[PDB]
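This document opens with one chain alone, in structure tokens, the form solved without this ligand.
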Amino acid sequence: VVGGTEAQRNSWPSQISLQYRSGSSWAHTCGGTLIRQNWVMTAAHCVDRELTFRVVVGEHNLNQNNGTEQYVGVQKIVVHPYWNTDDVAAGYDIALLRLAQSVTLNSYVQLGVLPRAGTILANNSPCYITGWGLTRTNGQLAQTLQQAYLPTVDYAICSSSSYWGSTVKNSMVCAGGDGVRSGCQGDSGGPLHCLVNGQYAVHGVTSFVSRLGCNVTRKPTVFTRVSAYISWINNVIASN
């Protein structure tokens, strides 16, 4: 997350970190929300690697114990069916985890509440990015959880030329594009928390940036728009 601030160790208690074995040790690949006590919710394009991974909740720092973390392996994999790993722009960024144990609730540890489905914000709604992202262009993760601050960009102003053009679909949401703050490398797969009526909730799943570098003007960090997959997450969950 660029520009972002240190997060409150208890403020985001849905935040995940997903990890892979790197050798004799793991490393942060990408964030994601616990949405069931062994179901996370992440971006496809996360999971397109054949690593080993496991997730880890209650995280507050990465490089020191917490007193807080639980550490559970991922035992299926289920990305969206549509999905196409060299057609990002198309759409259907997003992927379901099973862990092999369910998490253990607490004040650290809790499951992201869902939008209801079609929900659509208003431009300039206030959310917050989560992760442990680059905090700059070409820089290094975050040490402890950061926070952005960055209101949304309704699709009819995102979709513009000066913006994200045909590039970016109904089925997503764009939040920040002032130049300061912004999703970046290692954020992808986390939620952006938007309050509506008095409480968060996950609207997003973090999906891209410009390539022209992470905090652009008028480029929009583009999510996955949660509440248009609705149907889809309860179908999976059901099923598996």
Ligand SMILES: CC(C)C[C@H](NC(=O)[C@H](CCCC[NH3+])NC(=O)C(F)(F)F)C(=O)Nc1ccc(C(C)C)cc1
Contents of the next structure:
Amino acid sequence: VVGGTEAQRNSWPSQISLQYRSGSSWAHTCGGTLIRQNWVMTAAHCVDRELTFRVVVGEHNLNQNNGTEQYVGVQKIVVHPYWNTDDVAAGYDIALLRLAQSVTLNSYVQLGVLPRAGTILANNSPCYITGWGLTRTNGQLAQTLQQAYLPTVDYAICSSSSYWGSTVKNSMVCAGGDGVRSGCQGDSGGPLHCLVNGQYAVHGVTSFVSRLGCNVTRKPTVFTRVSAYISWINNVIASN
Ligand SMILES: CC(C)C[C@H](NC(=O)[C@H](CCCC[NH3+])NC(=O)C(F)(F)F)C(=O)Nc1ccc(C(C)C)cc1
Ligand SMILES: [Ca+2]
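Can you now output the form deposited with this ligand bound? The one shown was the form solved without this ligand.
Starting with the chain above, the whole complex follows.
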């Protein structure tokens, strides 16, 4: 997260760190949202490499014991059938991970609230990006969970010339784009939490920023629109 601030420890209890084995240690690669006690929603491109993956819930500082973490292995990955590795701009950047065991819910580990199917936010809606991703373009991962206020940019403004043009679709949410605050590498897969009828719901799964850099003016962070996939998500948990 560029231009973030340190989140409090109990502010976003549905945030997870998706980690892969790195020699003899584990390294963070992506965020995600805990959506059932044994299911994580993350970005499809985070699970394209055929790595062994770890999910950590109750995580606040990647590099030191918090006394709140629960570590669980991924047992099955379900990427969206339409996702194509070569085309982030086509969309469908979403995957569901079934965990080896159910997590214990407490004030640090909670399920994320999903929107009703079809829900589009109006322009400038209050939203927050969270993650441990790079704090600068071509910089380094944060140690502690960062958060940045990233208001949405609706489809018409985002798919316009000056902004993302045709690269964004209606199955995506854009948010931010002020040139100060943004998602950045390592934040992919994570939540965009937007305030809706007094309740924070997860409306985005972080998917991409500009190739020019993370915090670029009129190039908001682009998220997969969760409410475009509620039937797909329910159908996977239903059969799996
Ligand atoms: C905030 C995160 C989401 C940053 C965002 N990352 C991405 O979209 C890529 C997904 C794979 C793209 C394959 N072309 N994600 C990552 O590499 C990450 F580390 F962040 F997880 C990015 O840099 N977006 C981007 C940059 C370049 C491209 C291609 C034109 C190379 C596509 C997307
Ligand atoms: Ca820790």
